[PDB]
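Residue strings, one per chain:
2 protein chains.
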Amino acid sequence: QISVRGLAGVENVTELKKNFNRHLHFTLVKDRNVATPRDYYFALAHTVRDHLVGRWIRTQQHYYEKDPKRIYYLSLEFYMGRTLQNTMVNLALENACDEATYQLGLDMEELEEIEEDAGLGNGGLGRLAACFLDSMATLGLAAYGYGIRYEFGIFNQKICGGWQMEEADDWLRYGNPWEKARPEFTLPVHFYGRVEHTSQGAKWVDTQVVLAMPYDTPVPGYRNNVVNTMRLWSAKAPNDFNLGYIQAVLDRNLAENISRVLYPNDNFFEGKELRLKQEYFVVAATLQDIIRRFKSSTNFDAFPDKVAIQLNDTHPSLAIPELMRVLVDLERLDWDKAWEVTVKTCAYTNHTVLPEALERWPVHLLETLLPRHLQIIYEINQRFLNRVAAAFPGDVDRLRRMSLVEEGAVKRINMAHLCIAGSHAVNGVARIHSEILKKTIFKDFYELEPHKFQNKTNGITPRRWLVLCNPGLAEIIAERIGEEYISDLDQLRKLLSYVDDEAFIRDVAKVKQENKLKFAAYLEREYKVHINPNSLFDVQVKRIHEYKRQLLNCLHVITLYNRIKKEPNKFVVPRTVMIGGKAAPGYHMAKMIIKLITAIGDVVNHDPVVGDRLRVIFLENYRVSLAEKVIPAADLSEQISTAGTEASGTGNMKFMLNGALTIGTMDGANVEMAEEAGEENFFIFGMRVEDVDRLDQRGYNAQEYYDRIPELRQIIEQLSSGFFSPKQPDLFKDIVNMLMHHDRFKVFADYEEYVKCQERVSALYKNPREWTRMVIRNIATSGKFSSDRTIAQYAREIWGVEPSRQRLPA
Amino acid sequence: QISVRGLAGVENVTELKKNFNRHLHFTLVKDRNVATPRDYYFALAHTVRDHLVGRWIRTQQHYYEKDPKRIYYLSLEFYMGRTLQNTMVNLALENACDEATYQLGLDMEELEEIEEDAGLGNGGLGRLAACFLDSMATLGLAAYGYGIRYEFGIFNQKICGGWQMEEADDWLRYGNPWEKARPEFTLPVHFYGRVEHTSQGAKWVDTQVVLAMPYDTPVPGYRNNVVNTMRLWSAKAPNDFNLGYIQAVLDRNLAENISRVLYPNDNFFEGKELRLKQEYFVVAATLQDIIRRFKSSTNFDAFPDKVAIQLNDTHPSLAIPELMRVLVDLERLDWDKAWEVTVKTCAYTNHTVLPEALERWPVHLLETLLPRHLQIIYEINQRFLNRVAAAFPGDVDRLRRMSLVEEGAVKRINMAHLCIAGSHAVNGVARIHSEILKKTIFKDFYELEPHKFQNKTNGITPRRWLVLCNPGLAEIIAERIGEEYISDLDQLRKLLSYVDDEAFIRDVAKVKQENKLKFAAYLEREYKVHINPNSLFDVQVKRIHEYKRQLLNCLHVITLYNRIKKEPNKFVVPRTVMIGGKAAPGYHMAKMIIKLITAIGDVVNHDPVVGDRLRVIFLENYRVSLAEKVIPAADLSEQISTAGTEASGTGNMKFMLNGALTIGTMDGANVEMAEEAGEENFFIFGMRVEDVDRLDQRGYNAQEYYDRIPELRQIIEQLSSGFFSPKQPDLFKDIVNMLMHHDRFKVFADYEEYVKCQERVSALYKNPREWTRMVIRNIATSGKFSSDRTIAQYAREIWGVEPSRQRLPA
Ligand SMILES: O=c1ccn([C@@H]2O[C@H](CO)[C@@H](O)[C@H](O)[C@H]2O)c(=O)[nH]1
Ligand SMILES: O=c1ccn([C@@H]2O[C@H](CO)[C@@H](O)[C@H](O)[C@H]2O)c(=O)[nH]1
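Residue numbers (UniProt numbering), protein chains in the order written: chain A, 13 to 255, 262 to 315, 325 to 837; chain B, 13 to 255, 262 to 315, 325 to 837.
For reference, chain A alone in the conformation it holds in the complex:
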């Protein structure tokens, strides 16, 4: 049908059809008379999988022969989504499979919808890891993703009575055709025990053993025949475990619970023992695997030349003392040499400056669970603080500020401080964020070792986030400038010479309209909700958090409703306001925000005076597969975090690439986005970081805004009196109290400028031609935000390896 989806040539189509029928028969043990759509999905998945393995085996043998430096990306989250379409796109099989299935009498899009998301992440940090794996394979790097194979990923969100309900994400119920279990490469992981000092060093003894069994998933590069590996560990009890009899067997569950479920906290640290076990489990198993592979190439001087370990946040921070443990206790290297190797091997990426999100583990937990590691951490700290003391003599407060050990009621280890001390590179994820790190929370460390601190602005993969989710747009772009932009997104700049092209303007606006119609149809079919496809699609999708200010969006929605009710017969640009995202099960305020959004919808959507001019919909169960649907459909992207709180954002980049305009604060990557497109082509509003600082020094008084803004006062009075909850009048008292008395994120302070800016958006939407021209200027300048650019920078500036676009033999 379309050119970007590859060739459907006779030979391939015939061969795909026969392999489909073979899998249906031999693999699924079904015939055409009893097969369901799910059986057909699996037959297709197995057929596409076959095409991977040949390339998978030869990529890994290529790395063995050439022995390049290996990159190990350690993460507790890999937010992968669906794999089928991504695999077809990267292998140039999409049109052939589309033809093959059509000839078998099947609709491939229907089959694609049967696949479960691999929801092994919470949001931005987890999705970044997935985009990174794609880019590393596309750039021909010898890279491995290492994590945990959670039996249950992020919970499925149901909305009941306007409230969030959680249910288990049993994503493995029907099997996972993409993974290959590798029980032969099972490795032991140790917990608890005690430290014994002998004549020849320390020994960690009397430990409890949990086995780590790896499952490998292929990661295909974009049309380069490279297939890398994501290896995820699963926890297994040893066979002599607790070995009355029946109980001992049932107790195996305790060990295997380590890999059972993903902790659903986003930007919030929960100091639970099971989480700590997960963190060590991934680290201990991964490092043994790394060292094994290194020895199979004695002398650890070459270790940093052959190995890079990237820590995704502090979650795998125990890699630092674990590497020290192995080098010192097991390989018998002296401390100083081991430390040199460790530092040159490890690099750390920070993803947030929110204090409640920083990992600070109680010493008493580490003492019991990992007694040798605590000893190593203390020694690291002592030696590090001796360096600080020598650099800044007599600065006693600096010593306490920089210590890895935090004193107080309970002593804690600051894992971020551990990561900086033990890494040769520390990076933030957007220019403003990296500057904030150097100026505020890691200022002391920057002053000691300025060379360590870098920026690596985040990106997204244009494969999943353009070609896959928006084939209509990818096609009209390819018609003008060719296909090379898919692996060289900077080429999109060539589209600036089409900004006054009447044909292109019409096509861009046409693709958006089609996307909006398709998404409007999805909402009817799957959720029985009705929307006007002619309205402005105003969307905010991301995890529910106070810093992200879904509440500010809510206030605007209510302002629009109140203005309509005041002047009903006055014309307003029709809007469909869509808000979606999950709240952590124990985050009360976030759960209340979801209830507020649905409650506003219940009033607004059923007011006869409003008509089809304003609709408020809560998008249930937001996840990767849903993002691929709503993002191509959006007109307006809401990126309205309080300045200085969103480290980067990546959802922002997805919207820009897909033809939505952005309303946003000068926060995270929004700054660089506006810089690339031009500020005239972005809807920037609100306080800058400097303005937030000024307000904090003076003291934030929300009552001031309430007193001086009558439209804001009305909303607060409506919320308090029970306008949006007539049966439970005080339902939202907690929300009002927070807004009025303890709002960390200064919702009221940005309200006026936000509403004003939204008026300017509505004004531009009234002029379809000029709206679209601004859109083209956004898409054309979105090149910098490809994760291929990001990964190229990591490769050159941190890992010390060169990317390659050269094909491997097929």
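If you are wondering where the hints come from, they were derived from the structure by calculation, not from laboratory data.
Any given hint might turn out to be false.
Pairs count within a copy or across copies, as identical chains cannot be separated in the list.
Said to hold, decoys possible - Restricting the straight-line Cα-Cα distance to at most 25 Å, the calculated cross-link-like pairs of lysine-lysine (PhoX-like) are: (1) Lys793 to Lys215; (2) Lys545 to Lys333; (3) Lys364 to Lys42; (4) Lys593 to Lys30; (5) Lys555 to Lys170; (6) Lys192 to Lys42; (7) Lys42 to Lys313; (8) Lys215 to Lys555; (9) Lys192 to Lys248; (10) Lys170 to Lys248; (11) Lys192 to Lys30; (12) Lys29 to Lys78; (13) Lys333 to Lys438; (14) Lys78 to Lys42; (15) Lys30 to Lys42; (16) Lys29 to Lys656; (17) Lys656 to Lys754; (18) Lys30 to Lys537; (19) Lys333 to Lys371; (20) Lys783 to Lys438; (21) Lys754 to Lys364; (22) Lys170 to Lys313.
Chain A is fixed; fit chain B with the ligands onto it per the hints.
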């Protein structure tokens, strides 16, 4: 190599080789340079599996078209062993695969040894179910095996310091290529709750739900292209289960524990709640599946014409009140009609008369777990006792004896009484056993309904138990009388005309010697134990139980040792005494018996005066795969249970078929075996059932034997004084005390006759030619003990269906 293993013809060998390489590459994701023997096993297993599926799909579609009466064999145990060789034998693929692997540079026997046993059973009852499935498929019956897919089967037995140690049988660690998960056919099972009475009947409400997910395993018939199904249920928690958050997800384990582990009790009832849940789980899921399949052929009058349910012991006895529940509560049939259908559908097989083995469930357990079923059981009992009262007016003690409800400290339900009341047929498993049932424990029931009581003498499959485990013997037999005996074992009678054939005598003795050499080599390679292959191989392999009298065997061994030590320079027929079998983890006496056996070995095997004349070896980890090795190697089969205790035995039949002579009591199937071969050709000794009864009436006094038999006195004095345990002199005090004061099984009473009989065995072994001629007379008359005969009798006399040897189209 040998004719019975099929054709290895060019076309097939080439096609097997290419499919092997395809699986190694695409299925296992390996190349020849990294592949291990295990990878090669799996590639072969997948290759052979492919040949099953075509026949599997067409068998099941054949049953749909023809709509025959279906046979449902319900069992908590299916002791399957290994599947690869059995599949090759039944599909006539053994020689072709042997050739194909040889040409790939692989040894197939080495590959076969990598497969884990499917150890989903304890012993005889579990193995019977497996032989039965094989015979039902071979006889073309529309039969289904239904059970539980235990994550852990019977424990692996390690011997440490002479003591049994248990370890988890993690049989699924590397995967199971034979099974196919069927998550689409998942069914709900209900537990707990309460009973609600409405205007329109009873309702079972507020229940906890556990999901039952089926896994299907193919069961191939012997060269008839029939492939039946064994469906095993796995427990799964529902997704809203307990749905703080993390705990709710981890608590899913509680529901899924239902299918976690096989209870390791053999001939002993343990009234544990988890066991009861397992029993209902299998029954509830199975019956829904049965009814679904029946409706997809409204009127339940035809139900017994289209369905037979065979209960393997009382373990699935809840099928009776569950069928009533479904028919009465859900289908709204009147009681009397539902009862007629239930009785005509169900049949019950009893496997033991030992009182401690009978299932008697506490009413309070059933009240809480299955409140509706208890109500139905009470109603069944009331109506049944009204029939008894009408047949035997005024016989009040009969009423209490026959009641399904047993009064006492705790009220219990007698599950055996439930089974008789609710079944149209009740059978024992050997002629003597079935007679004992009618004369003793079920006398009252036999008097009420004589027509219900039948005998079905047990059998073994000659596929696994001759062709597979003893190809050498199968070949020499085939040379003379052809191949038809494999599915018509009665043809072995034709071998009687070769009893004076000098060529045949030499060949029979040659096959045995080769088997003994091969097994002697296995013991060195895998356990580093040394044995004399020229000695008489005296073997007792079976679960360790007091009734089986491994202790009587021990006493003989010690008698032989004492006689040698008394007259060292006197000639004795050299023996290798081998004893193996597992003890239930909480069966103290059985564990002590294992320790005694190893302790005797420690003294006997290292006495320089004994030399190579006497060896005592404990066979570690006895299981199906080990049985296939030791049985073809045996000269003497020990079947020495106290008369009236071994319902049938099946190990006895395996030895007879494989060229061992039998020393045994007139118990179980030994009686029919001796009848078939002639008593002159069996070594029968000891009390008959009548003699045991006489001794019980008089009172068994063990001291009498101790006082009058000096050789027995010496042994007891040796045991007591610490001769066999010098460091722990009183180690065996419990054994001695039991033997002297509370021996339920009268070990001493059979000692004299046993030792005398053993002398006659040794005498015959001195004459190789006459030993072998007696062997030929045994093998030649073993025909009756094919499970094909047994299943034919079930089919004709209980299920009301005709067996068929006709091939299905390939
Ligand atoms: O716990 C956390 C901490 C940070 N981030 C996000 O990481 C993304 C990738 O770097 C950033 O784009 C985003 O600003 C940040 O909140 C998370 O998603 N979870
Ligand atoms: O709990 C039990 C009860 C009986 N049997 C055995 O069943 C076999 C098959 O019918 C018989 O051959 C054997 O005599 C009996 O002990 C068991 O193996 N377990």
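Practice item. Please write out, lowest number first, the hints stated earlier that are contradicted by the structure. Key: Failing hints, ascending: 1, 2, 3, 4, 8, 12, 13, 16, 17, 18, 20, 21 and 22.
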